[PDB]
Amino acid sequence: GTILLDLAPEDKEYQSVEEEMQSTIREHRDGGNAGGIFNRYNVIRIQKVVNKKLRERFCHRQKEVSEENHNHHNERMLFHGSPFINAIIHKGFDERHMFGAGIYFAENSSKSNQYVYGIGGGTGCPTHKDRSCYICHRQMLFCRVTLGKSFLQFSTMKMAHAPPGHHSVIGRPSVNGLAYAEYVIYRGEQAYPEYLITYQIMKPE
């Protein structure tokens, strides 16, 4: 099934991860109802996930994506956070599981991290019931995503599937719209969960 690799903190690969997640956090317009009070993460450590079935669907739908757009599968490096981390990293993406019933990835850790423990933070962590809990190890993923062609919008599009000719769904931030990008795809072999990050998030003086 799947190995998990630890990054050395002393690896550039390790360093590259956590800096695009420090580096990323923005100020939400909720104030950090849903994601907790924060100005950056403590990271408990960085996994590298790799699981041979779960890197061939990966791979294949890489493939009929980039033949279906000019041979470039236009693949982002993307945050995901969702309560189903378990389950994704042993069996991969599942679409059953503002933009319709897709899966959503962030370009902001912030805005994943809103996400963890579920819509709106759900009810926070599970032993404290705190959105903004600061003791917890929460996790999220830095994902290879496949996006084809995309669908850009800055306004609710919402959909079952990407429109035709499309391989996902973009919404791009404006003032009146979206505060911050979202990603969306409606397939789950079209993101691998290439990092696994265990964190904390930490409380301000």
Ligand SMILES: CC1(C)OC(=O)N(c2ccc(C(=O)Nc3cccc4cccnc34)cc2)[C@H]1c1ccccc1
The other form holds:
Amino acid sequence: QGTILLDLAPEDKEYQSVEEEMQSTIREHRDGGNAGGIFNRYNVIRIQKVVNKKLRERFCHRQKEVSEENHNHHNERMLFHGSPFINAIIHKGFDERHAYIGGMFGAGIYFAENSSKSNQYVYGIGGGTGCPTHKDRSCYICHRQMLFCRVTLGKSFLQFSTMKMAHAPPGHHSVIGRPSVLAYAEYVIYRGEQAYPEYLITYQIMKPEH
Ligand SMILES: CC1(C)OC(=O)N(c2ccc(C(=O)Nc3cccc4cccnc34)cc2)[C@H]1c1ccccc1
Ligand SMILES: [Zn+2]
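What I would like now is the form deposited with the named molecule bound, since the data block earlier showed the form solved without the named molecule; can you produce it?
Below is the entire complex, every chain and molecule, led by the chain shown above.
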């Protein structure tokens, strides 16, 4: 009736597959490292497969509705997600009702194909105040969490700013905010059921060597 978290052994292609997309999609942001910390690597501590019967039905049902509406193409993609509510999401699923609505963002649940971008949001908008214990946005101690999810994009509406809206334009099912002078892409959905929390990644950002 709940979520069963299955551990993937590091020696499995799947575990290697997930950590590679994580580690390789890192980049350097204009932030100066202020939001997500200064690092050029992650120490991956754990990768778990999230299993919830209900969650994948809700997810599959919505995915059929979108295919219906998209000339039978649901346009699913594997994207990263970061926010301070990861533990609620793996048990209750994604929820559009907890979704901000203004400031720089709006009405949606954001996803990124860059893991370093989803990391900026682990502790909050901009990094919040950092970790609960040392109020440091660049902690190398505390274990952070992020999700590598299945996201049904459907017909995506492409534009430059997202803070904008609260639902998707007519005929579309997602919004891709793209780069101007943003830096990287951001995928937004306005329905929780259009995304399934496939993998739970437990990790730390590593401190640069020398
Ligand atoms: C900026 C925002 C709109 O972009 C997102 O993708 N956000 C977001 C926030 C919450 C969720 C979410 O699904 N939350 C929750 C789901 C289920 C139970 C919950 C219980 C308490 C809090 N959130 C819960 C999803 C996306 C937002 C958000 C807000 C704050 C920090 C990072 C991200
Ligand atoms: Zn800390």
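Throughout, rigid core stands for the largest set of C-alpha atoms superposing within 1.5 Å between the two forms. Residue numbers count along the first chain shown, from 1.
Check your understanding: Where among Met157, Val43, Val50, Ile37 does the Cα move by 2 Å or more between these two forms after the core is superposed?
Key -> So the only displaced C-alpha belongs to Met157.
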